[PDB]
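K.L.:
Each chain, written out:
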Amino acid sequence: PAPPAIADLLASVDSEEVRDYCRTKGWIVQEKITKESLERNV
Amino acid sequence: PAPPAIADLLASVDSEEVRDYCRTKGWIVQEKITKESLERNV
Amino acid sequence: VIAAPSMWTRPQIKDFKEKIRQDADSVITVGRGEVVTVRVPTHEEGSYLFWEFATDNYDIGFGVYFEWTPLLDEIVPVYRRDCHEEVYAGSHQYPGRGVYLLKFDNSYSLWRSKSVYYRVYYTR
Amino acid sequence: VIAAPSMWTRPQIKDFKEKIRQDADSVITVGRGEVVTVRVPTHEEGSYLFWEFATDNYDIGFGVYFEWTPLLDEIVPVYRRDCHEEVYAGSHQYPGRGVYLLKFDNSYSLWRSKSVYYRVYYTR
Ligand SMILES: OC[C@H]1O[C@@H](O)[C@H](O)[C@@H](O)[C@@H]1O
Ligand SMILES: OC[C@H]1O[C@@H](O)[C@H](O)[C@@H](O)[C@@H]1O
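Top to bottom, those sequences are chains B, D, C and A.
The opening position of the first sequence corresponds to residue 17 in the entry's author numbering, with each subsequent residue numbered one higher.
The opening position of the second sequence corresponds to residue 17 in the entry's author numbering, with each subsequent residue numbered one higher.
Taking the entry's author numbering, I'd label the letters of the third sequence as residues 368 to 436, 474 to 528.
Taking the entry's author numbering, I'd label the letters of the fourth sequence as residues 368 to 436, 474 to 528.
Please note: incorrect hints may appear among the correct ones.
Stated by the list, open to error - Taking beta-carbon pairs under 10 Å as the criterion, some of the chain B residues facing chain A (in silico):
1. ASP30
2. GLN46
3. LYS48
Hint data in this document are derived by calculation from the structure and do not stem from the laboratory.
Think of the CB as a built atom: it goes at the ideal place given N, C-alpha and C, for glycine as much as any other residue.
Make a model of the complete structure from these sequences and hints.
P.N.:
Okay, here's the thing in C-alpha cells:
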C-alpha cells in the first residue's frame, strides 16, 4: 500500500521471492526498456 | 531481520503467506500453550 | 515508560480460521459470562510480542495486561471487538521481564458461547 | 528540496543473475571506456522508483541523476561499486515530473568489458 512502506519494506527483507511477491500485488511494476531510451558515450 | 522492522512489516502487508514467510526466516516464532498457563473466572 | 501497542486488522477470516483449527489447543471455547486469561511469559531472547484472534459467529471482549516478576499494567484496554467480521491483530514491545495476560472477556454474554481462534508469536 | 535515496545490498547474486538473463533487454554489455545512460521516465501514477544491478566478473561505475521537463540534479554520485560480489539496489521518491538517468560508467576501463544485469520498478 503506502509507497514509503514499500520502500522501507524492500530495504530490510529483500529477496527474489519478495520482489516476485510485491510484483503480483501491484505494489511494484517492472518496467521494460529497449535499444532506444538508452544512450552511449566515450 | 530487525525486530522493529518485523513489526511495521506485518502491520502493512499482513497475510497468511507473510506470516508463514516470517515463520520460516526465524524472525517470528510461534509459541504453543496448553491447559495450564490459562485460567477461567466468572 | 511503556511503548504503545500496534493494532490492525486483515479481512481474511476464513483463511485464518482454517489454518488455526488444524490444532485444537489454538481453538478456545469461552462459556457464558466467562473470562479466559492466557498467560504468555516474556522470552528473554524476545523483544516484540505479536497476537492474532478471531471468533466464529459473534464478537468478544478483548484486552491485554502486563504482569511484573503483585503489579500490573494496561496495554490494550478490554473492549468488545468485532472479530467475526475481520481478523484482529496487534503487537507490543517488551518493557521488561514479566508475564503477558491476554484477556478474552465473555462476561456480558448470558447465553451464547464463543469459539475463539487465536495465535501468538515472538521475536529476537 | 530533494529526498535522499535509500541504498542497500543483498548477498544473492547468482539467483539475481539467473532471473534476469531470461530477458535480453535486461542485460547490458558496456564496452571499453564507455558510459551507458539508461533513461527511465517518471510515471504520473508513480511515486517511488526502485532499481537493482549486478555485474559478472568485475565492478562498474554507477551513479544516478535527475532531469527536469536543461537542468539537472545529482541523486547518487557516480562511484565504482562492487556489484560482482553483491547485488546493489536502491530507491528514491519522485520530486516532480521528469526523467531519470541511470549512469553505468566504464570510462576508466581500458581493456575489459562489463556484463550488467539491471532491473527497474515503480509504485503508486
Ligand atoms: O547537477 C546536479 C548536481 O551538480 C550541481 O548542479 C549542483 O551544484 C549540485 O548540488 C547537484 O547535486
Ligand atoms: O572495474 C572493473 C574492472 O574494470 C577494468 O577496466 C579494470 O582494469 C579492473 O581493475 C577492474 O576490476
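K.L.:
For each hint, tell me whether it holds in the structure or not.
P.N.:
Checked hints:
Proximity of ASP30 of chain B to chain A holds as hinted, the smallest CB-CB distance being about 5 Å (cut-off 10 Å). About 6 Å separates the beta-carbon of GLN46 of chain B from the nearest beta-carbon of chain A, less than 10 Å, and the hint is met. The beta carbon of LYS48 of chain B is positioned within 10 Å of a beta carbon in chain A (closest approach about 7 Å), and the interface hint is therefore held.
Going through the hint list in order, the structure satisfies each hint without exception.
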